[PDB]
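Put chains A' and A'' on the given structure of chain A with help from the hints.
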Amino acid sequence: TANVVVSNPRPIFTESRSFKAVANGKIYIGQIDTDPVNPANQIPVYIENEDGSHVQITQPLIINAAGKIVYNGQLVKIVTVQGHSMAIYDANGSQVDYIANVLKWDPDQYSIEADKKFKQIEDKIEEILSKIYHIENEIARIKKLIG
Amino acid sequence: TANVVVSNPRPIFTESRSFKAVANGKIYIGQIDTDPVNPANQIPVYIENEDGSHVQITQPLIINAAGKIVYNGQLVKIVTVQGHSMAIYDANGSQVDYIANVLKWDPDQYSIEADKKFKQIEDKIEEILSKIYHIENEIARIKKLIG
Amino acid sequence: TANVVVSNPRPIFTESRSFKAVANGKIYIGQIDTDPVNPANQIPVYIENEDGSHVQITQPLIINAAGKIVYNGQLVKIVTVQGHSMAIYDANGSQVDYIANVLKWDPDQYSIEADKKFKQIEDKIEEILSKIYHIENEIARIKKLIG
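Chains as they are written, first to last, in PDB author numbering: chain A, 5 to 151; chain A', 5 to 151; chain A'', 5 to 151. A prime marks a further copy of an entry chain.
There's no promise every hint is true.
Because identical chains share one entry, a pair is satisfied inside a single copy or across any pair of copies.
[As the list claims (entries may be wrong)] With a straight-line Cα cutoff of 30 Å, these simulated BS3-like cross-link-like pairs (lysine-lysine) come out:
1. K121 x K81
2. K81 x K120
3. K135 x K120
4. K108 x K24
Don't read these hints as lab results, they were simulated from the structure.
Same shape as in the complex, but just chain A:
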């Protein structure tokens, strides 16, 4: 069937040397392959509201005691451009993680499978166009004979 796994989409952020939340930690979000702590490298981040509206907020993003992103005391869904770097720091200012391009961590790879398939159809379209131009040329020849 088309059935798919039940999952838990809201991310949690945990430390790298012990099993603990990054409580009162900070997340920076930047251009791919840059240092997002530098404001010059930061990109727009937005709360995506329940109704679908978007509100831009400042960086860093704040991680609560549960390891979840919060704004004004509430859980929030933060969105940005698929391709971005991310740096995570704990309340001590120690770096927990750095990801140069979050898009390069996809375990699901149905993008590239599709790109092959698109390239294949384009090849059939080229051959079809070649047949058409040949037919056009046959017609031109006929017209000349009879005219």
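Relative to the frame of chain A, chains A' and A'' by itself:
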């Protein structure tokens, strides 16, 4: 290469105000943008067995001390329709989370890239069809001349 | 917009009977639907370096006190073929999990949507080819009349 990240696909469910599992918590699964606690809004959920078979089970789903979904004392893979709402409650009956449409939390976005590409091929197909109809009309004209 | 959720891509590995990291645990990676503890079933695993280079390493993969994969004392990104089995064991040698095919746990399903769309374009291409062959046959007939 086509190599992709090693990941941990089985979800865990943790609390929202402290870093703890939702031990003996409950998960409800419903139509997109509805309250899944209401039985009228619930949709079928299934254990997907090791052999690929599916067994429908009742709601709520049960979360163990580890924060993993269990049935009859064993870890299970639960499946449902990609588009669904989810509500998670702790053993105290407090709401941990509500997700209106789990599909809208995809960080991987290779669906929409493909939809542009499909629309583009369809455009080439339209132009090809226009050439063909023009050729048909030229042939009709020739037939009339010679007939 | 094309905006997508901020997430936490680096996996963490936690126990199945209590809420704890699989500290000093082991991960085996194998062919789909096999027992990856058996070396005969294991497949190549690689560190994907910051610069994009790949270095093959031995199995098992090692899980640190934080539940993250490490090599030579540092966090690492491990890659392999999308389709693989995975088995996870704790420091006691107890099995934490077994996943027959990690690819079958995708909650995002934009592969199969695309495969329908590809099949549909291929159908238009068949009909287009039929029109073309019919036109070719009309031209052959004309040539015979006039020749």
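Right, here's what the structure says about each hint:
When the C-alpha separation of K121 and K81 is checked against a cutoff of 30 Å, the pair qualifies only between copies, where the shortest distance is 29 Å, while the shortest distance within a copy is 34 Å. Proximity of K81 and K120 under a CA criterion of 30 Å is satisfied inter-copy only: 26 Å between copies versus 33 Å inside one chain copy. Proximity of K135 and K120 under a CA criterion of 30 Å is satisfied in both settings, with 23 Å inside one chain copy and 27 Å between copies. Taking the shortest alpha-carbon separations for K108 and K24, both the intra-copy value of 26 Å and the inter-copy value of 28 Å come in at or below 30 Å.
Consistency with the previously given hints is maintained throughout, with no hint failing.
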